[PDB]
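Asks: The chain contents come next:
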Amino acid sequence: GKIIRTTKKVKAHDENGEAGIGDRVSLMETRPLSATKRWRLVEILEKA
Amino acid sequence: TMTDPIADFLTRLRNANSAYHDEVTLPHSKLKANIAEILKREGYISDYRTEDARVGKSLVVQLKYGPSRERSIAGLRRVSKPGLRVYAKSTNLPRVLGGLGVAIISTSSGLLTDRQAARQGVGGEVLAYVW
Amino acid sequence: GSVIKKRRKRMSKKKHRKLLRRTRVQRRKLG
Amino acid sequence: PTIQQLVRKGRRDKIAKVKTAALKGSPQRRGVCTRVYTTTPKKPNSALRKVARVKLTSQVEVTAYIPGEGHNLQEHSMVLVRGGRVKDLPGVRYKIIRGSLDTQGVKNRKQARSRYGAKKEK
RNA sequence: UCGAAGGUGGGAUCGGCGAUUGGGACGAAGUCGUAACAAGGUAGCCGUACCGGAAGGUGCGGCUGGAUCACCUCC
RNA sequence: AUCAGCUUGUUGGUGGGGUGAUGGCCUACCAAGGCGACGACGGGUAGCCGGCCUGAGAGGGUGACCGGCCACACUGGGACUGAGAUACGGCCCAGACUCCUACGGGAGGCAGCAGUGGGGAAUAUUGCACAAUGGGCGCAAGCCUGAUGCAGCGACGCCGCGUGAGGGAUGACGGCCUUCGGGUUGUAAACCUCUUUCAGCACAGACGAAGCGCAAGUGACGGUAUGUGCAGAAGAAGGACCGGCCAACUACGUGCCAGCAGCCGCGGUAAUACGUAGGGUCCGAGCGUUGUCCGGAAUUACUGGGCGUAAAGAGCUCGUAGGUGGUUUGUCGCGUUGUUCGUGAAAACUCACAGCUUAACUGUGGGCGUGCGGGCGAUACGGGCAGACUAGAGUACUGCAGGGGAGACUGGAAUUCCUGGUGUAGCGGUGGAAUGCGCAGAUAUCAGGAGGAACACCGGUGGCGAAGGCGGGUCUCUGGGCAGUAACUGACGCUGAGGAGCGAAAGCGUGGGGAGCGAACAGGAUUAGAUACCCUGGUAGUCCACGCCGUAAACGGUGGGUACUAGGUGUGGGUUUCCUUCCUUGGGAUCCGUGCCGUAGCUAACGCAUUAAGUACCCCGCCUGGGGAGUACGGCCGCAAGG
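Sequences listed follow chains r, i, v and m, in order.
Numbering (the authors' numbering) for the first sequence: 50 to 97.
Numbering (the authors' numbering) for the second sequence: 2 to 132.
Numbering (the authors' numbering) for the third sequence: 2 to 32.
Numbering (the authors' numbering) for the fourth sequence: 2 to 123.
Calculated directly from the structure, the hints in this document are not laboratory data.
Treat each hint with caution, since some may be false.
[To be verified] Cross-link-like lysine-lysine pairs, in silico, BS3-like; alpha carbons within 30 Å at most:
hint : chain 1 : residue 1 : chain 2 : residue 2
1    : m       : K10       : r       : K51
2    : m       : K56       : v       : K6
3    : v       : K14       : m       : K15
4    : v       : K6        : m       : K96
5    : m       : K51       : m       : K120
6    : i       : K65       : i       : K41
7    : m       : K15       : v       : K6
8    : v       : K6        : v       : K30
9    : r       : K58       : m       : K10
10   : r       : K51       : i       : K82
11   : v       : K6        : m       : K88
12   : m       : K15       : v       : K7
13   : i       : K82       : m       : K10
14   : m       : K96       : m       : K108
15   : m       : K44       : m       : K56
16   : r       : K57       : m       : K10
17   : m       : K18       : v       : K10
18   : v       : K6        : m       : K18
19   : r       : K51       : i       : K33
20   : v       : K10       : m       : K108
21   : i       : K82       : r       : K57
22   : m       : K18       : v       : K14
23   : m       : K18       : m       : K96
24   : i       : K31       : r       : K51
Make a model of the complete structure from these sequences and hints.
Replies: Here it is as structure tokens:
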């Protein structure tokens with residue numbers, strides 16, 4: 050019954066690559082753009 | 002360090018009750034004051050008030066004993082605790098002493114007892130049992 | 002606790018150590 | 002333990018010891034009598050227990066106990082063996098079924114006949 | 001080009017047998033000793049080292065889960 | 001994890017190709033990524049589910065029938081045709097096997113329905129029909145359908161029925177027991193009436209078909225189910241058990257045998273436990289045994305267990321990931337909660353009703369389907385975000401106590417040895433002696449010298465340190481603690497898997513040192529024997545420098561942090577008010593230690609008890625009957641011992 054926090058890695062796609070490491074971002078699912086690539090970057094929620 | 006203020010409050014109450022103390026003092030917080038209000042309204046304690054301490058405010062609780070020096074509280078258990086927390090739907094609310102006790106439940110409408118929550122059709126976190 | 006359990010354990014340990022001592026060179030040559 | 006210790010390691014049940022491993026999941030097995038002899042029980046008791054050495058169809062060599070009063074088993078005799086422990090004998094976990102295959106139902110039995118393969122008197 | 005099967009090669013990994021050999025469990029009555037339990041007749045045990053047919057002995061440090069301390073005169 | 005690294009079309013991009021479609025799906029080039037202790041990569045095992053069994057429930061076991069999805073069709077590849085292909089009764093190739101051959105070459109695939117052989121404890125007919133339902137082709141009549149509907153066999157399971165009912169006695173015979181009286185079988189039997197279920201015989205004889213057919217007919221089951229007549233209690237009961245658990249006891253036979261047994265355990269001439277007979281009990285077309293799963297088992301404890309002595313606190317710290325977190329304001333609505341919509345196939349389960357003569361079974365209508373997805377509502381709690389506060393935590397300043405640690409130098413007593421006097425005949429040792437030393441001058445006494453090790457009194461249940469542990473003196477360097485003020489920061493805290501460090505003694509390596517003590521080893525003695533205890537010697541070692549080792553009854557056999565719960569009395573460190581001489585443990589109060597005694601409470605007990613083994617919260621380590629065994633195997637570390 051305890052609440053467990055779990056982590057998962059997904060691969061997203063951004064054309065111009067404006068997202069650095071540590072930025073909180075938003076994603077939306079999409080059709081497979083490659084192997085293992087199934088997400089699309091919406092926009093950078095906050096930079097860090 | 003101090004992890005559960007609510008459990009500490011309950012244990013202060015239990016320890017004072019077992020030693021037949023007429024008074025117990027603890028640091029003040031809104032949650033402690035609210036469960037004190039529920040306890041007083043349900044007749045488990047005599048009365049409570051809040052003074053001011055050296056740093057913040059204190060909570061002062063009067064314990065109720067009968068004419069023959071019999072305790073008015075038979076038990077105090079903490080159900081939902083840090084780590085393993087307990088939530089109950091409006092339909093599976095717990096019963097204490099087969100209804101003879103009171104279960105304090107933290108709903109979005111405030112602090113209610115099991116009977117009040119069942120009547121109002123709400124759920125929440127089962128803070129404690131009193132009987 | 003009774004010392005009987007310690008006695009059983011110590012006899013097992015002593016016998017094993019004796020066995021290890023008796024076959025040191027044999028173990029070295031086979032390993 | 003702590004709830005976190007439980008979610009990290011969990012609870013592991015005790016393992017179950019397999020009984021009568023020679024049967025291999027069957028109620029009975031068919032075997033051939035490797036040798037038929039007699040042996041003595043543990044110290045508190047005393048008798049000449051009749052025990053046969055059986056080679057089962059699961060390719061396991063097993064020693065089995067022959068119940069009843071008299072038996073007619075000898076070498077190369079097809080027997081049907083079942084599970085059952087005999088407290089006196091140290092490592093005997095099987096019994097020979099009377100009245101099945103070569104082993105015969107005992108003689109002059111009138112009570113608990115079905116447990117010794119003795120037909121009802123006509 | 002890819003390509004099943006086949007061939008060659010060097011390794012992985014799982015088992016069976018093996019002359020000889022180690023220990024374990026059990027077995028009224030065999031042989032040798034008395035180690036422990038009463039201060040068990042050298043208190044016992046723990047780690048370590050050496051030695052000894054065997055239980056075991058001894059050194060070094062540790063523990064009490066070690067027994068006895070009669071009489072004891074002044075107040 | 002006794003499987004820690006894995007991956008090179010592998011991770012991404014661009015242009016092409018390809019496909020019904022997106023996509024390293026393929027390709028060329030470019031970049032060097034991607035996955036993994038939240039367990040990758042390996043190894044083992046396995047079709048998954050609705051469901052089924054068990055259970056109070058949570059949970060555990062399982063995937064038979066029936067229903068859905070998947071995979072395969074002798075083994076391994078491959079495409080073709082087509083709307084659609086693992087193409088079971090298609091093709092091509094290779095292989096194994098079986099068969100025909102004129103030797104050139106050909107043929108075959110039951111995991112479809114029956115059936116055969118084999119394996120096995122074990123599992124059926126080489127049946128009937130397209131009458132009903134579903135399917136394919138055909139305009140249709142119609143044809144095909146081992147799907148399906150039926151039948152046959154098997155107590156394999158569930159359910160139902162029968163084998164008779166009423167009356168019948170100082171209670172027949174017989175059996176068995178006996179106290180020799182009698183009692184039990186036993187209303188049981190015999191006998192007198194009654195009824196005939198189901199079986200048997202005869203007669204009639206279906207529904208399933210508001211179907212199919214424009215022919216006149218059409219039911220496989222089946223002349224079955226069923227109904228009505230006839231005869232007669234007539235044709236119909238066994239299995240296990242009976243010492244206790246656990247309903248039900250006597251006699252005879254046997255004697256530690258033969259045997260029984262789930263456990264405890266029964267057999268030793270008087271067995272309610274063996275064998276047999278009477279009697280009895282429990283079930284009943286069944287009754288027992290074996291096998292397997294759940295329950296009992298709170299015996300893996302989420303519900304719902306523990307760790308002082310019973311198994312169980314790592315030797316002790318630091319700290320990584322993680323877990324967890326004081327008071328307060330606003331916000332979000334992630335968790336949480338309410339409601340609504342979609343979905344959660346049918347079957348199954350549960351409730352009600354209905355149909356089979358009842359039941360099993362079947363149908364109908366609800367519930368269930370504990371869940372997930374979308375909308376809407378709430379904000380107490382958890383969490384996020386943006387702040388604030390000082391009680392936690394830390395810093396600053398002022399004092400204080402200490403065998404805390406490291407280095408260097410240094411003191412005295414004593415033991416031993418060496419030298420020189422005096423000085424003689426024993427000394428030494430033991431329960432008692434002897435080996436031994438001495439007469440070549442010993443022991444004793446005095447003076448001088450050399451060297452090493454340990455530091456009497458102070459010195460204690462007293463201090464310090466995380467633990468191991470730490471006291472001759474001085475100097476140098478250095479760590480922690482406590483008290484007061486509360487100036488400062490403002491939750492910066494706690495714990496900590498793995499990991500790192502420290503860690504008595506013994507032991508190991510290299511180099512020194514070596515007085516005393518002293519494993520091993522020598523003699524002496526004791527003893528039946530002494531590989532011992534006792535005596536005389538005595539080597540490693542003990543000591544120093546630098547490194548290994550990594551264990552202890554490394555114990556308080558008690559992990560760390562925090563809050564609360566009667567007191568009394570010692571003692572160590574510090575601040576303060578009042579008796580006040582202010583000399584005085586004067587006394588009080590307070591903070592931090594360290595003991596004893598004792599409440600409440602806890603514990604199986606012993607005991608613990610404000611320094612908890614009490615009351616609670618957070619995190620970690622560990623336990624799951626005793627041996628085998630902290631052992632083997634594999635691995636890691638170590639020079640080895642070994643851990």
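Asks: Would you mind confirming whether the straight-line C-alpha gap from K57 of chain r to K10 of chain m stays at or under 30 Å?
Replies: 21 Å, holds
Asks: Is it true that the CA of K44 of chain m sits at most 30 Å from the CA of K56 of chain m?
Replies: 28 Å, holds
Asks: Are the Cα positions of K6 of chain v and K96 of chain m separated by 30 Å at most?
Replies: 39 Å, violated
Asks: Just to be careful, I want the Cα atoms of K58 of chain r and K10 of chain m compared with a cutoff of 30 Å; is the pair within it?
Replies: Satisfied, since the Cα-Cα distance of roughly 24 Å is no more than 30 Å.
Asks: For the pair supplied as a hint, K51 of chain m and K120 of chain m, is the alpha-carbon distance within the 30 Å limit?
Replies: 23 Å, holds
Asks: Hinted pair, alpha-carbon criterion (30 Å max): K18 of chain m, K96 of chain m. Please report holds or violated.
Replies: 20 Å, holds
Asks: Take the C-alpha atoms of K51 of chain r and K82 of chain i, compute the straight-line distance between them, and say whether it is at most 30 Å.
Replies: 10 Å, holds
Asks: Quick one, are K65 of chain i and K41 of chain i close enough, alpha carbons at most 30 Å?
Replies: 10 Å, holds
Asks: Please work out if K10 of chain v and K108 of chain m have their alpha carbons no farther apart than 30 Å.
Replies: It is violated: about 55 Å lies between the C-alpha atoms, which goes past 30 Å.
Asks: Hint check: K6 of chain v vs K88 of chain m, CA-CA at most 30 Å. Holds or violated?
Replies: This hinted pair holds, its Cα atoms lying about 29 Å apart.
Asks: Hey, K10 of chain m versus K51 of chain r, does the alpha-carbon distance stay inside 30 Å?
Replies: The hint holds at about 14 Å.
Asks: Hey, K82 of chain i versus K57 of chain r, does the alpha-carbon distance stay inside 30 Å?
Replies: Holds, at about 28 Å.
In summary, the structure is inconsistent with hints 2, 4, 8, 20 from the numbered list given earlier, while agreeing with the others.
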